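Only one chain is given next, in structure tokens, and it is the form deposited without ligand ATP.
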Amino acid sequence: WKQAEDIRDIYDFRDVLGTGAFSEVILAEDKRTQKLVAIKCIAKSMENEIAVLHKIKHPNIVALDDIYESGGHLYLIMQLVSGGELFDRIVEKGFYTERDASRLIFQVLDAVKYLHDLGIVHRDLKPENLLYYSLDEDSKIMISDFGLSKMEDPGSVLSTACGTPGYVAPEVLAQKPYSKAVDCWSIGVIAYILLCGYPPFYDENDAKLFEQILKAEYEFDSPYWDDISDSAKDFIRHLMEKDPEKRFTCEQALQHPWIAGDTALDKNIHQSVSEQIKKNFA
């Protein structure tokens, strides 16, 4: 729990890697070592969440290198993960399959399972928070940010609702409290997008959009889902279940054939998935 009188004396900042509610991840360089880092800045129990995060050690989760305090400000220095955004790198691929998506999901699931074993809920499981570790083709994906406890706060909840409503669970939208299920939902949503390239929830009208999410009203639309195995759909349905109790846990999703068996198809779906990714996430 390092102390700093001025955070600008340790790090020079560039720009936002991904804002949150009470939090802003900015890229920074360590003034006296020149190391590029991701800095989760927060200003206002939660320091226990952050403590535990500092002890988080997993290949698929960004290492929280250390934490800086500046009187009224905490700066979570995360390992900078510069392989690219999940969807960006899916687009860049040539050969993209369910197996790739399954291997991507397995990594997020295993990472989220880890967080859940340690009783930490992500809360902010979104593709912008899922980055490749390296620019390499085979690279592991990293959960690169965290939703801190003060995301459960109703102000943050509605901010989450107003941001990209598609990645947030039905319960969270219902102003019902966060749970480990919330993450699994988001893995389901990520899974869904990994296999078609578009949000499962996509109405032009906000009200209808929330209605879709709250009621988990999504479909595996043709043509996009035609070459996607029923196994993959089954997997998503059990993650993308409106009832958080009915929703699969990380373990249950990790034990699912599309993740643990050989049911993820080897059919190249890149052309369609990237075609849809570009059409949604520019």
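Residue numbers count along the first chain shown, from 1. So that the term is clear: the rigid core is the largest set of C-alpha atoms that superpose within 1.5 Å between two forms. Only residues modelled in both forms are compared. Compared with the form deposited with ligand ATP bound:
The residue among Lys31, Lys215, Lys246, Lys57 whose Cα moves by 2 angstroms or more between these two forms, once the core is superposed, is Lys31. Once the cores line up, the CA of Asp234 ends up less than 2 angstroms apart between these two forms. Core-superposed comparison between these two forms: the CA of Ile277 stays below a 2 Å shift. In the core-superposed comparison between these two forms, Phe201 has its Cα shifted by less than 2 Å. In sequence order, the runs of at least 3 consecutive residues whose Cα atoms each shift by 2 Å or more between these two forms, relative to the superposed core, are 1-44, 48-50, 67-78, 80-82.
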Given for the second form:
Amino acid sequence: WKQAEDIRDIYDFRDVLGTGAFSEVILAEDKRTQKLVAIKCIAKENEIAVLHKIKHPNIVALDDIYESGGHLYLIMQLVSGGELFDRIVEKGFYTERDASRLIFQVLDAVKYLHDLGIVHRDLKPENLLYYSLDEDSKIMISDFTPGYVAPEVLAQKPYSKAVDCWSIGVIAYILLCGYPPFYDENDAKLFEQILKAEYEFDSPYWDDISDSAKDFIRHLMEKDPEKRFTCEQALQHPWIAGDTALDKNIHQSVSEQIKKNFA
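Output block for the form deposited with ligand ATP bound, input the form deposited without ligand ATP:
Nothing else is written out below except the one chain.
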């Protein structure tokens, strides 16, 4: 937790890697070591001690913090593989089993955070980055929305780590069909959809998806936080731990739905 006079004495700021709600992420070179990093530039408009304890293969490591008069600079492990949806769209062949492998990694990382007492609360397909352009690259959670936001939260009821399990279910849903489980033109009706947790595995998009996958999703996307699968429980579900995920090429439809619905 140092301070920088000119942050630029220490980092060479090159290109914007991406942009958040009210912060940008920048590719930089550590001038001291020549190591490439990703720097999160947060305007100034106890948890950082915890953020350094986070060390997991599927979580973007925070490597340092420096502060200037105007901003906070979070020096992050650089990830070079691009966003999750982009790879899926650009990918030639895509299966339920690829979806399951990604979900496994997210569950693994999320449970590890829950054991540190960290609740993500903003798990989104955007937060999910490939580690390299390697075809076999692992995925990683970058961060430390309607749709993705669990019913409890939107009901302004008491919420636990179970909120993150909801988000994971929403992501799994999108990963298998390319569109969000909740959508309406009127925000009011959308929120009511989310609050009632009423969604469908609607045909034709879901015809070729396994029942085990549907079972898996039903259990994460469960309105009652006390009924909802936890990370540990989702990990041991057959679709994740066994051999139920199918091998059919679902790329075309999912890819087209993603283009219709995101970026």
